[PDB]
Every structure is written in structure tokens, then in C-alpha cells.
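A.B. asks: Residues per chain, in single letters:
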Amino acid sequence: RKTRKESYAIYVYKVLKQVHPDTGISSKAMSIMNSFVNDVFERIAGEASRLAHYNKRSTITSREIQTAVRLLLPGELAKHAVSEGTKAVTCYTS
Amino acid sequence: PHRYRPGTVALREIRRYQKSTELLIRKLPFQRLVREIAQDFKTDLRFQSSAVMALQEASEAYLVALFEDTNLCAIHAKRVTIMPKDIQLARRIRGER
Amino acid sequence: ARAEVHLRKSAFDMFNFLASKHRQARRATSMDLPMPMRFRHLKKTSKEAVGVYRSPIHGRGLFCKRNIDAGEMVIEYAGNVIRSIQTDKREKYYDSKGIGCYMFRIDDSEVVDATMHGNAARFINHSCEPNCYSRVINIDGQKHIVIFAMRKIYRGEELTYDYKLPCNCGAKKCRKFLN
Amino acid sequence: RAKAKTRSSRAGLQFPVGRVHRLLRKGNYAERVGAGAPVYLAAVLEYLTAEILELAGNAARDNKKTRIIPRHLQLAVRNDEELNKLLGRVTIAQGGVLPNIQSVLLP
Amino acid sequence: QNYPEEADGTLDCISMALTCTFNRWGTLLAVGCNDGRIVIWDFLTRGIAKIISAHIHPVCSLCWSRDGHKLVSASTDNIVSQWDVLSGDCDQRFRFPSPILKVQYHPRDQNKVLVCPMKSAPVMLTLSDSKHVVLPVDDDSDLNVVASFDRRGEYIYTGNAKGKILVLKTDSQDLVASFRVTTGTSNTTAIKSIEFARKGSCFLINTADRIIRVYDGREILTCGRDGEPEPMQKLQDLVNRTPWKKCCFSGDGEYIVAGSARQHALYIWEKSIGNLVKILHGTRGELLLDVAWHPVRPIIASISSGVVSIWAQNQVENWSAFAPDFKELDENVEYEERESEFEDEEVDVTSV
Amino acid sequence: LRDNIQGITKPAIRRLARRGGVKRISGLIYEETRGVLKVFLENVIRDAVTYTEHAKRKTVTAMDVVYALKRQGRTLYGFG
Ligand SMILES: Nc1ncnc2c1ncn2[C@@H]1O[C@H](CSCC[C@H](N)C(=O)O)[C@@H](O)[C@H]1O
Ligand SMILES: [Zn+2]
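Protein chains in written order, with UniProt numbering: chain F, 31 to 124; chain Z, 39 to 135; chain V, 3764 to 3787, 3806 to 3945, 3955 to 3969; chain Y, 12 to 118; chain E, 11 to 352, 371 to 380; chain L, 23 to 102.
It should be emphasised that the hints constitute simulated quantities derived from the structure, not laboratory data.
All residues carry an ideal CB built from backbone N, CA and C; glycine is no exception.
Some clues are possibly wrong.
No farther apart than 27 Å at their CA atoms in a straight line, the calculated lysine-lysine pairs in the BS3-like style are these [stated by the list, open to error]:
no., chain 1, residue 1, chain 2, residue 2
1, V, 3963, V, 3933
2, Y, 75, F, 44
3, Y, 16, F, 44
4, F, 58, F, 35
5, Y, 76, V, 3825
6, F, 86, L, 92
7, V, 3924, E, 337
8, E, 179, E, 209
9, E, 112, E, 122
10, F, 86, L, 78
11, V, 3824, V, 3846
12, L, 92, Z, 116
13, E, 244, E, 172
14, L, 60, Z, 65
15, E, 337, E, 112
If you want the footprint, here are the derived chain E segments under chain V, 3+ residues with CB under 8 Å [stated by the list, open to error]:
no., stretch
16, 330-339
17, 342-350
Here chain F stands alone, though its shape is the one from the complex:
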């Protein structure tokens, strides 16, 4: 008899078992990765909201998420992440 808690344990677990087929992860590193995912989500959503408020709009499209990622991440990591996102949107499209 407990109230449910949102988490990210299973998803980190899945990506870890894709990229390393043997190595397990303890409790504390799981808590750290949970906090890291929440942190980057807060930064990107906040910057996109401030952009869409600046330009006299009312809608967070994908274009504002692209401009927020380009403003926030440093250089080469942004150049990879933009292409990963565009590949994902194109596969979702058709």
C-alpha cells in the first residue's frame, strides 16, 4: 500500500543493456542518472518557453526545441544531437 512514484530506472536499464551487454548498475548511480535526466529536461524546456514568449507566439513546436538545443549545448555535441533528433522525427513522420 504505497503511492506510485515516477522514475527512469527501466529506461536507463534498457539503454545500458543495449550499449553494454554485461555491466550492471547499482542504486546510487541510478539515482544520479535520474537526477541528471530531470535536470537537462528542466533546462531545455525553460529555454524553449522563454523563446516562444519572446517571439509573440503561443506554441512550443520542434523548431524552438532545436533553437534551444543549439543555444545550450557546446558545439560538436550539439552538431550530433540535432542530427539524432531530426532522424527520429523523420522516422516518426511516415
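Please build the complex by placing chains Z, V, Y, E and L with the ligands on the supplied structure of chain F, with the hints as guidance.
C.D. replies: Frame of chain F; chains Z, V, Y, E and L with the ligands shown alone:
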């Protein structure tokens, strides 16, 4: 035939420049510098004038703050003249590098 | 002009690499970290850190193209890990062909070939005044021949070590006998 | 009325999409959340998590270990240049420092 | 190898380049400049071959011939002239009604060319004289009609100003197939340009509402006259909303490349699976004009204000050509080599 | 273009230092100051052109410079 002992003209230049407020960099070379390093990020831009003024204000305030902290470091090192390793120490302590 | 049947038309060299030019803790490999962490980044450094050009001692030398700091790895000397009596058959074979011996040993049971298979680590001359040395590590049992440094080395210097015939080093206290 | 394939594997991803769209509705970031913005954002989060877990698992193997303890995450973040420029002001618990002795101290 | 990845130089010699096209073989590239200059390079040794300063007027369209000798002119005074790679002289000259957009030879005869005006039906002529065959189009309302041959030379696919396709025969005008595409919800929109492959019968539909559709040159003949086919593959973009300017194909019908019109970009899809696989870039603020794919090697030529960039795979040098008996290994390769320790057939040397 | 990093003259760094309170200056501060100023202007102008091309215009208004300075952490009062 009279020449001052060296230092007095430096001190009165310090007082005379800390008195008033003006702009200390000529605006045509600074404007050409801004257009020059803006050329490589997007071709054929078109600046307003107040944006150039804002960049000049921000750059001048940043340089003055850097020189004050550098002179604090150099007076700590029991010297007078600023060396560039003092600038590098100040920029490494502040966290920008 | 068409009157010179002139000599020096034989090379006896399979390596005609020599050209006209002959130009002479921020990272991981200089840390205090455990050894395989440096051993990974070894190969990402050694493919572009150094170079091989002509030297006055014996043909081609090793002039590095990066200011190496003291204490860190440089490059691995790897090849065919031969076993100890094929050495003598290859001595007879390369005596028959006329190409010198390139054989460093990990231990006194297994030697490592370089002439048949290897890398650019063959261009390290012997000298009695070195600035590098050698230690064998244990990357999961599969041991290696990796070369550290000794002092602060700048851009444009030959790298040597002791192999333990008159030598062409010209040392201050030279032994002149490589046995 | 038929089977419903999810929005997590219709794009070939791993992080959820409905949960991200709920967190963009229940936050008042703006009025009207767009069409594929949570898909784009979940792909970005996947890429960053894979990027850090690669170095984490590699260092965990290289210290002769099988599980992961946060010292490995400390090393994997503070070794690289780009993640050190991103995660500037962050204290990982149980983290530890990087070995750095100066030039003039040791004899 | 495959699709290109790296920048690999340019040819910034000739001022104000405007258009470009290839031959069948992939060694001839003429450029109609901003003043009538027609310049050919080399590709193996990359030297400027022949400047043809033909007109005082700029050139907007060109085409190569099957023998590798003949070209065709399109100036701003409607002049269509027959050229040669040996002499380079003017043959034909007359005036159309004022707009001329693009020409195209017949594939299996260098007698006939297909010429397209703006506000008229496309017209086929010969090269013997000024004979012209009137081609009928179904609408005949706006007369903004595009037309092109197929690959082998069977039919002529035409595209109106309203969104209906006719399939006619090259001489007798046999309407044998037609189809209307369900363009979105309400409006059926026009077609910019339709181009055709070299292996098979696949082609593309380039509309005016920024959606690329993939079709075959046999399914429409199977559906006959007034049928409803489906797109074999839909290609579009959503993020930047991506207007298009130029479309062409890959080497042997493997991939599809399409240059953009806003961000100076090149996109590479797959006709096989159907997903985008690589994005290219370049100068941020230029204006992309003409894109040509190289038929026997992965090279793409892109004109953006004179500059012709050649993405050419960035080859990597190594050993083992110097001493082909030494193998440059990567790690420790230990083994033992030998388990056992120690005719008059006249082949033509002139086989050309 | 090549110059105008050297077009910033050399009483001007002296006058900025004597607004800041500097007595005696060596002979390397000139090139060091040119380098520092070039780095800072790059890291402002890049975000300025980003906001410009996102807004779909072809000029650089003052508000974009104020926004880039505001995100860097150096707020400017006097142009908004
Ligand atoms: N001091 C020295 N002077 C000349 N040769 C030496 C030497 N010390 C060792 N040698 C021999 O020279 C070889 C070095 S290889 C020399 C570099 C390379 N082969 C070239 O093209 O020039 C070793 O195999 C060793 O047997
Ligand atoms: Zn010697």
C-alpha cells in the same frame, strides 16, 4: 627646460580619467571589427547603430573589471608592473578558463 | 648525357620510404590513473603524435611532432609474437636475404618480430644516451611492449633506448659493444 | 478498436513519449505543446544518456569491476572536455577529485 | 564506397557560374555562365578544357547528346543552336515566343528535342529544319505545362498546371495512362519538374507543396488510363519546412538526393528503405542554384554564386603499396606460418 | 579583411588601464588584450546571430544583444 619626474603625469591621468565618463575606443575601427567577425557566421548582415553602441559598452566594462582584478593580483605579488601571467591567473581563478 | 653507365644502381632495400624532405596532465596518458585507461588512449595518440624521417646516425630516425611531457607513454612496439627457435631460422633466412634483425623480446621464452608484421615503431635506434625506457604491463594477461619517456622532450628530437659492434651514438661514456 | 502500437517504438526510441508530453502539459511552459517536440526531446535525452553511459561502463570494466559505483561517473564526466564545459557547477555525491600534483612541489 | 561525406575543395576560377549538366560517361561538365560563357573542365586531372563565349546574353538551359558531341543553347533571345565538341560553332537560330525554360533531347535519336515554354504547351522540334509537332494537353487553361521523356524512350510524361498527368506517345499522341494524386485535403497543386533514373523505371514527383513522391514506370501502365495509384515512397520534411529547387538520382537507382532552396543543404534518403540517412552543409548564407550527381562515382557538384563544390569521399593514404609484403597490423598478431617447416594461349596485348 | 584587430590602437589600452587604475604597463598586454577582446566578442556575436536567424529577419536589433548579455550573466540597463 623642464621635465617631470616620471609618475606624476601617470597619476594625474588616472585622476582625470576616473573623473569623467566617455567612450575610449574610436567607433569606426570597432564597427569594422564587429562587421569583420560577424561575416563568418552569416553572410550579408546589416547592423543597426544602437547594437554597435551596446557591444562597445559591454566590452569596455568587461575590460575595466579585468584590469582592476589584475592590478590587485600584481600588488599582491609585491611588484608594480602588470605581467600577462597575472591576467592568466585572474582569468583562471574567476572560472572562465 | 647517354654516356654514363654509372654505378649505385642497386638499393638492397625493401624500404624506399626516404623522401626528399626529412623534416626534423590535461590528457589521460600523463595522469596517475590505472594502466589500461592510459592503454586505450595510447593508440589514439600514437597514430599522429610522432613521425619518421631521415637521421644522420643510421638512415631513418624518429622525430616526434608533439611536445611530449615526461612520464607518459608514447607508442607500442608490436608485431608477430614469435616463439624461440623460429628466431634462428629467420636469422638464417634474413642472412640469406640481407635484411637486418628486428627482434625485441617480451621475455626469454617468446620474442616479438617486426620485419614481417608490425607498425611504425621499428624506427628507434639504439643509443647509449637515451631519453626513454621500456616496461611491460598486464592488459588482461596479453602483455605489451610500450615505451615511456624520461625527461621533457621537445619537437624535433630522436627517441632512443638501450638494447642491452661500434655504436653510432657518440656518448660521453660509450660502451661501443652492444653485447 | 484494433491493436494500438505505442509512440515509443513507432519512431524507434527508448525513452517514453506520452510521459514527456504530460510533463510539457502539466508545467505551464506555454499554452499549446506542438506535434513532435516531445519526440525530438526524448531523442536528445537518449543521446546524452547513451553518451555518458558508454564512458561509465568502459571505466567500470577497466577498474576490474562489474557493477558501477559513482566514482566511475565522476571520472567519465570530468575527463572529457565537452561534458566538463556543460556540467560546470555540479557536486556528484561520493565523487572525489582528479589526480593533479603541481610541477614545483614534487622533488 | 557509397554517398559522400567531406568537403574536398572547389573550382573558384570562372566568375559567375549559373548552371551545370553531365554527359552519359561522367567526364564532361559544361557551365552556362551569367554572360554566355560555356566552360568545360576535366575531372581526372581537373583542368579547364574549353570556354565557349557564345552569346552576349545569359544562358538558362543546356543539354548533352548521346554521341558525346552535340549541345543545345538557350539564351534570353530564345536562340537554340547546335554545337560540337570538336569545333564549337553556331548552327541554328530563330525566335520562340519569349519564354524558354528547359530543353531535352530524344534519347534514342539525336534528331528531336523537346522544348518547354512558360505559358504554352511543350513543343517538340527536329534538328533537320524548323518542323514542330503540336502537343495537346488536357487542361489548356493556364498552359503552364512541363513535359519529359522516360528512360528508354517509350512515352512522354507531361505535367499540367492543375495536378493531372498525361502519358502520350512521341509521335501519334496516344493518351494511354493518366492519374490524379490526392494532394492533401482540398487543393491539387502543380508540378515543378519530373526527372528519371538510369536503371529501371523509377522516378519522382516534385510538387509545389514540398512533398516528394516515388513511383515506377510500369505500375501506371498497368493501371491504364484514368487509374489511381499509390506512392511507392513518400518523402517530406517537417522541422524547417524545407522548400525545394532541384531533384536528381543516385548512381544505379540506389539513393535519392535533393538540394534545398533555403539553407544551402543536401539531403540523402534511401529509395530502398525510406529514411533520411545523411545531412550535408556548406556556406551558411549562400543561395543554392544547381545540383548534379556523377553517374559512375559518388560526386555531387553544387553551384552557389559561382562556387562549385565537389564532395569527394576524403580518401585515406596508408602503407602496403610501398612494400606489399609487410602488413601493417593493429595489435599483437601471433601465429605459426607453415605446419610443414621446409600455357601458350595467345592473349591479345592489343585487346582494345 | 585582415586588419582592425590591430586597428584597436595603443594609447587606447593605456587609457582603459588608466580608467581602471593601472600605474605601469609592460609590453605584452597589448596582444594579450587583443586576444581576450576577440574571444569575448565571438561569444556574444554568435548568440546574437542565433536569435536573429531564429526570429527570421536580416538585421541585428539591440534587444538581441541585450538578451545574449542577459543569458551570459552580464545584464545591461539602458537600451531595453
Ligand atoms: N648505433 C647504431 N648505429 C647504426 N645501427 C645501429 C645502431 N644501433 C643499432 N643498430 C642497428 O640498426 C637497426 C636500426 S633500424 C634503423 C632505422 C631504419 N631501419 C632506417 O631506414 O634507417 C637495428 O636493427 C640495429 O640492429
Ligand atoms: Zn655509438
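A.B. asks: Could you run down the list of hints and mark each one as holding or not?
C.D. replies: To see whether the hints hold, each was checked on the structure:
With a C-alpha separation of about 22 Å, the suggested pairing of residue 3963/V with residue 3933/V holds against the 27 Å cut-off. For the hint linking residue 75/Y to residue 44/F, the alpha-carbon distance of about 23 Å falls within 27 Å, and the restraint holds. Note on residue 16/Y and residue 44/F: the hinted pairing holds, with a Cα-Cα distance of about 19 Å set against a maximum of 27 Å. Of the pairs offered as hints, the one joining residue 58/F and residue 35/F holds, with about 17 Å between alpha carbons and a cut-off of 27 Å not exceeded.
Of the pairs offered as hints, the one joining residue 76/Y and residue 3825/V holds, with about 24 Å between alpha carbons and a cut-off of 27 Å not exceeded. Restraint check for residue 86/F and residue 92/L: the C-alpha separation of about 19 Å stays at or below 27 Å, so the hint holds. Our distance criterion of 27 Å between C-alpha atoms is met by residue 3924/V and residue 337/E, whose separation comes to about 21 Å. This hinted pair checks out: residue 179/E and residue 209/E have alpha carbons roughly 21 Å apart, not beyond 27 Å.
Straight-line distance between C-alpha atoms of residue 112/E and residue 122/E comes to about 14 Å, which keeps the hinted pair within the 27 Å bound. A hinted pair counts as satisfied when its Cα atoms are at most 27 Å apart, and residue 86/F with residue 78/L qualifies at roughly 13 Å. The suggested pairing of residue 3824/V with residue 3846/V holds, with an alpha-carbon distance near 15 Å, which does not exceed 27 Å. A hinted pair counts as satisfied when its Cα atoms are at most 27 Å apart, and residue 92/L with residue 116/Z does not qualify at roughly 37 Å.
At most 27 Å may separate the alpha-carbon atoms for a hinted pair to count; residue 244/E and residue 172/E meet this at roughly 20 Å. Distance hint between residue 60/L and residue 65/Z is fulfilled; the C-alpha atoms sit about 16 Å from each other, no more than 27 Å. About 55 Å separates the Cα atoms of residue 337/E and residue 112/E, which puts this hinted pair outside 27 Å; it is violated. Under a criterion of three residues with beta carbons nearer than 8 Å to beta carbons of chain V, the stated coverage of the stretch 330-339 of chain E is upheld, 7 such residues being counted.
A count of 5 residues in the stretch 342-350 of chain E with a Cβ less than 8 Å from any Cβ of chain V is obtained; the coverage claim is therefore met, three being the minimum.
Checked against the numbered hints given earlier, the structure breaks hints 12, 15 and satisfies all the rest.
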